[PDB]
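Each chain, letter by letter, is given below.
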Amino acid sequence: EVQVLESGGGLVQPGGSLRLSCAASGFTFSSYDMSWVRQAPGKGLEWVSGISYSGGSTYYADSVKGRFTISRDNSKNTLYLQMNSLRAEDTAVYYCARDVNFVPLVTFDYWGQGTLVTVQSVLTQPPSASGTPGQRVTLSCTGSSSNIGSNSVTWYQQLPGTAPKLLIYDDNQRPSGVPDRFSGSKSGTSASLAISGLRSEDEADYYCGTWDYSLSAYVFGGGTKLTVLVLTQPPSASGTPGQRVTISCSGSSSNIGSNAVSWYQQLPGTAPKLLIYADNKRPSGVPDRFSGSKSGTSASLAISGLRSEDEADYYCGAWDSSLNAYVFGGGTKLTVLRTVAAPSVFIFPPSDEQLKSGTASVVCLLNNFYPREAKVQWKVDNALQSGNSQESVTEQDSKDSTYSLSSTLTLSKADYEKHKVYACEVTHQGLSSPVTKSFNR
Amino acid sequence: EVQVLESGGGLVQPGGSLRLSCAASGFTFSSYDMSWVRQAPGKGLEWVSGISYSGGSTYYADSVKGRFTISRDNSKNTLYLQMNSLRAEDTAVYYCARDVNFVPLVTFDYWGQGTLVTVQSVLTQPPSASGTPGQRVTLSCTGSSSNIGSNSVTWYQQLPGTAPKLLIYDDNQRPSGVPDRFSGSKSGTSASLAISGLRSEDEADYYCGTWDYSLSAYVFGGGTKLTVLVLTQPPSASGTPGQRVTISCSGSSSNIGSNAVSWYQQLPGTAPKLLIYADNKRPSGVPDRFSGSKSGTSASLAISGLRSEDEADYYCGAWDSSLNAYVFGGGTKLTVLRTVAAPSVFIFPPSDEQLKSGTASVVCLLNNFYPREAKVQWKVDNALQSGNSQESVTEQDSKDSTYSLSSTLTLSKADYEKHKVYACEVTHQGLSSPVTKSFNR
Amino acid sequence: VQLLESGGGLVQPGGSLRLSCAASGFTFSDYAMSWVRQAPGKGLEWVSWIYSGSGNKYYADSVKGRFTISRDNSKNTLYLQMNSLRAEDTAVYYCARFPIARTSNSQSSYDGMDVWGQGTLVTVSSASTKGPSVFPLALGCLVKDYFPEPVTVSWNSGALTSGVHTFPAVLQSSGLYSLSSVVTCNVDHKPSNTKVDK
Amino acid sequence: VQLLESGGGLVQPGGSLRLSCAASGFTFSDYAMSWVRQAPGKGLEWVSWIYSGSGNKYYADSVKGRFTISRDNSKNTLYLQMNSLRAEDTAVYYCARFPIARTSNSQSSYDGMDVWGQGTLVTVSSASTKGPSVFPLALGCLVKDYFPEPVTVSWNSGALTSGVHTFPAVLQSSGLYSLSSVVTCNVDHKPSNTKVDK
Amino acid sequence: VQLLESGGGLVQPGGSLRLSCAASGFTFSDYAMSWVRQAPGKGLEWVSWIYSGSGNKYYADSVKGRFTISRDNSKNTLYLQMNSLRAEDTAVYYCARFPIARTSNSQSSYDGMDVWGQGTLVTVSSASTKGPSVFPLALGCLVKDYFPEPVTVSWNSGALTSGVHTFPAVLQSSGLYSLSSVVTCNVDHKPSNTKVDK
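So the sequences go chain by chain: L, G, C, F and B.
Just so we're aligned: the first sequence equals residues 1 to 441 in our numbering.
Just so we're aligned: the second sequence equals residues 442 to 882 in our numbering.
Just so we're aligned: the third sequence equals residues 883 to 1080 in our numbering.
Just so we're aligned: the fourth sequence equals residues 1081 to 1278 in our numbering.
Just so we're aligned: the fifth sequence equals residues 1279 to 1476 in our numbering.
Only chain L is shown next, with the shape it has when bound in the complex:
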């Protein structure tokens, strides 16, 4: 802990006096330079003053030159700012910042919480910069040969309502705790910060600070409030039993990137079962092979060691922060690669209660066949049906892992006796030679 508490801020009147005291613990307070920095309510940071390790050299901003006295008592390891002959412009929040390095390469790492005292910037940093998630935004400081060119440029990220935080020091490096996402840059008399990829936590004010060997002050930057501006799933994945199938769905940042994805397994005719509830985690009661992993915007459900119980519709669902809806995936139809079976072919002439009912529904069946692709053509004595027969195939068998199809031809009562023979020809890979039972009237 290198915390620096601070107090002494309250309601005062113009032309008065105020003693601000901040106490530093956890480090050798008598060896590090410190400084007082000021932030007007809703305005960029303004560096009040700064005192060296020994307290011998003191530096003051020319806006407050000649009326603020910075002092440092190393015995109690505390540091004071004596504000005298105050003005109306001094109403702000005050921090005392630890200086990591000597001047001129000033580096403010640890900052006080903030004391609310009630009573132009050299670096022409842009007032604001708008970014988008995943973008590469370069927010560029600007100074003279005394500000940027000769001394280190340090970048502070101040979240709304918190003390500033160091991001970049010495023009290039980052502290232990800053993601590499942020990158410093400096060229001639112009510095910059590059944020590659943005998140919701990059919404903050970014300030560039540099010492001056001519102005003899640590000028800050101005504002630059950085602003950030359907689960597409495969229709039918498949794999052989014992394989590891990857069902990868993808939505958006609002759909899945920033929300917990879930994976459900709906077997035919049954309610879905949640197999994955977090981006990775798995509920108890589910086999350990059902792994889940969300990388960025793509969530992968890995099913290892397929079996006859693993064939089902695997949906991925995630809440939408924008649309405000728990959007599901398209629905991956997982099927196991079985050896091609032999379609057992049957046919039934319509019963006499069909004749008593006024219709004739003649049925042809193909049982225990793989794969799903198969055709049935109603050859009624070398004649093909014209868009009257209807057929639906079963789902893959829960144990045999095979298909069953039934084609029904629903013809008129008088149409049954006007013809003599009805038959159904089958086209499948398992039976190159067509098989057909030609029943007669």
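In short, the hints are calculated from the structure, not lab data.
Among the hints, a few may not be true.
[Claimed, not checked] Cβ-Cβ distance ranges computed for the label pairs, FRET-style:
(1) F:1207 x G:860: 31 to 37 Å
(2) L:175 x B:1380: 29 to 35 Å
(3) C:1021 x L:415: 56 to 62 Å
[Unchecked claim] Within a straight-line C-alpha distance of at most 16 Å, the following computed EDC-like cross-link-like pairs (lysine to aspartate or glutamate) qualify:
(4) L:413 x L:353
(5) G:714 x F:1194
(6) G:797 x F:1225
(7) C:939 x L:353
(8) B:1473 x B:1427
(9) F:1122 x G:836
(10) L:356 x C:1027
(11) L:273 x C:996
Heads up, the beta-carbon is just placed ideally off N, CA and C, and yes, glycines get one too.
Fit chains G, C, F and B to the given chain L structure using the hints.
Just chains G, C, F and B now, with coordinates in the frame of chain L:
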């Protein structure tokens, strides 16, 4: 810890005396037999002497019989070798080895670090044996009925420049810390060690040691230094979006086997971006899906979850130890498998400034079409152009992931008015019926 | 833990009715609740979601205004008033418990639709009902001209279970569904409330 | 980190000139440097590599003797004198930083060509320059008879960006290149230094 | 660990003989022993299994009564008396050590047939032997008219090893086998005990 430190080795002269003392801690030093073993620089182990648990029975090698006195003081738990009337052959490194078991089944597990003293083998173990990785090498000791047949055979693996390490004891077993890879064997008067599969850590000297009930010494084995014995890249890989594409390039041992491969992604019209820098590792700022893996001489770049931003030229580059050049890869042109689009066909008659310029460049365009394969034939009133029209297709669109092609026919100024109608016929999969706008003069 | 839905049946187009979901086996007030729609032979279409009556109720973009979800923690029930019903809403409604409260060590379907009820079936159609007609045919039995889906078809009243394959019903020209059970047949049609043993 | 190349332009065959690569954003003396050649519409040819001036300079087998690489760590620049230039060397030269110093925890493109500059373009040809000729045509605009490549072509000076497809120029019988931008057109030719708004 | 079988040779149909399996390298009394039959070019047909002489001996269903297995732990040998031999028993017999005693940390082929001997070859046939006749052919040599299988055929007495392909012998109309070695030829026939160098 059963460590045994040892000291007392230094520069001496022939015919002198030297006291070597080794101190053992962590075990009951007064209950285990110990011994002094000697290794001439660049020569196999030679067992100097050995003293029992009580210090009552002492055994000496006949090469050093009558001039070395082994002694043991259990009170301080230390053990001494008094070398007297030294010879030139005694310049070596000395170890004191703890004996796990009684004699004759001697078993040397813990060894001293080695004291450098400066001043034939009974077991005819082969001088050397050459092996290959993953091989099954049998290095066979050989002795008489007194060496191998009656007493346990223990195998020590001495890494270059370290103390020996026990591998096999009692002809069959292994210590707690030796992989099962090593297997002892003994038949009659011939012992052997079998290493099934070899690695870089099996490069060592393997010695067979056995007691003698006739010679009354622990003879070692001799040596047996076990010894282990353009980036061709696909021109255009592809895959559907969401798939995992493997771009596998291969060079040589000098190209890629012994040097770190790197994978770069050059989007059309932009500088390449390093996606992989090590054989496996990935720089920050690159999506985690870009995996890399170098197996032997073949490096694989795996791109999982393709998108409209993933289409680029993926090069693999590796330094050459022989040619001394960062040999790169042919350049894999990755493209995403999009649904075949409809080529929007347009044509433009040459402007009148073409006539004022002296040429006529008539252009035909096919926009938003997939795949890359498409043809344009300039049908100038049922006549085909003869090698004058030139065309170049765009790269796959950064967002639409489709192609755009333009064919330009550059004919003479007088050639434009000598004919009346010019037209361009298109051949593509997306438009079976050709589409053409027949402009007129 | 069990959620039982009631109120699924014949609905005239533009009609009004009330799905009631009795939830038992868990502290009903602690978990959010939701309704999920599944058109026959189609995917899961989220209907609506609620946690507190006084809070914000969330609805699908296609049902905003014509649906109203509510809770009754005293009765441990979740109510869905659907009014001015449109044709595409003929479906199966599942009452799903959406946990929104994760505790320290107890890790439980936080934010996942945890448990789904059996689901009722709502038919938004002006067509009237018609009793199933059973016709005996591997022994089989057709069940034709019943409205609406579903009908519970079985062999020997569930005594003979192995080999009983049921294929989904079809939408015929008359708009009347038909299945067949293949290996007496029990055909039970709840909407028309007829039990037939053939 | 940025590497900016300068010195790419018209070169008479057998001529002499100097590519200067200003490197900023990193400790220049802490990383080897290299030049990489890319013939127009072709792969990358490793030109040369250097780490120290007193150190051995690696050169490609095809450029040994006619190329000379050097550093200036005071100016943070990498210089390449190319003399007696041959025809195949017309290309784009990239100045690439080749890290050769890996540290313990900091893992950084050790031995990988890490960062590549924008690259200049060198034309080894005796043909003189010629200003581009812009001809307005999905709205399009041809730019023909300009030498040498590249030319920066855009619609409405970059205001209209979506749908602007640029195809690579071609080598005609006259040796004069031509592109066209399709959706005013801004055509900026640096070697001839002409800005045309049509 | 090594198991060496002896006693494989010519057997008249209905004859009697004794396979002796000398086992060395392990404590013979601790592991069960077994005999496994392999018809030439066929699968492994288990013959018999034993652990103690006074215990229960297990035999294949096809060999019950005509086979007798026994041990001799003093000699570390496993004996198999086969009598009234039938035609299908012409095969290769392997003496296999079947560990049945697993210890705490030592995990060793418990209940697995661990180590198999080289196996002898038993021919149950009344046909007499006949010396091989070499017929030199990629160089090659044909060993025809030898009875029974096997014969050890090699090139240059094993000096020339690479490229020596040996194909399995065939059963001809005369019942006499024949191979050929392709790349002097050494043909060694143990049953007829003839060594031929051609």
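Here's how the hints hold up against the structure:
A beta carbon spacing of about 33 Å between residue 1207 (chain F) and residue 860 (chain G) agrees with the range 31 to 37 Å that was offered as a hint. Separated by about 59 Å at the C-beta atoms, residue 175 (chain L) and residue 1380 (chain B) break the suggested range of 29 to 35 Å. Evaluation of the 56 to 62 Å hint for residue 1021 (chain C) and residue 415 (chain L) yields a failure: the beta carbon distance comes to about 27 Å. Using a Cα cut-off of 16 Å, the hinted pair residue 413 (chain L) and residue 353 (chain L) holds, with the two alpha carbons roughly 11 Å apart.
Under the criterion of a C-alpha separation no larger than 16 Å, the hint pairing residue 714 (chain G) with residue 1194 (chain F) is consistent with the structure, at around 9 Å. Of the supplied pair hints, the one linking residue 797 (chain G) and residue 1225 (chain F) holds, its CA atoms being roughly 15 Å apart against a limit of 16 Å. Under the criterion of a C-alpha separation no larger than 16 Å, the hint pairing residue 939 (chain C) with residue 353 (chain L) is inconsistent with the structure, at around 54 Å. For a cut-off of 16 Å, the pair hint linking residue 1473 (chain B) to residue 1427 (chain B) stands: about 15 Å separates their Cα positions.
Distance hint between residue 1122 (chain F) and residue 836 (chain G) is fulfilled; the C-alpha atoms sit about 15 Å from each other, no more than 16 Å. The straight-line distance between the Cα atoms of residue 356 (chain L) and residue 1027 (chain C) is roughly 15 Å, inside the 16 Å bound, and the hint therefore holds. Distance hint between residue 273 (chain L) and residue 996 (chain C) is fulfilled; the C-alpha atoms sit about 8 Å from each other, no more than 16 Å.
Hint violations for this structure: numbers 2, 3 and 7, all remaining hints satisfied.
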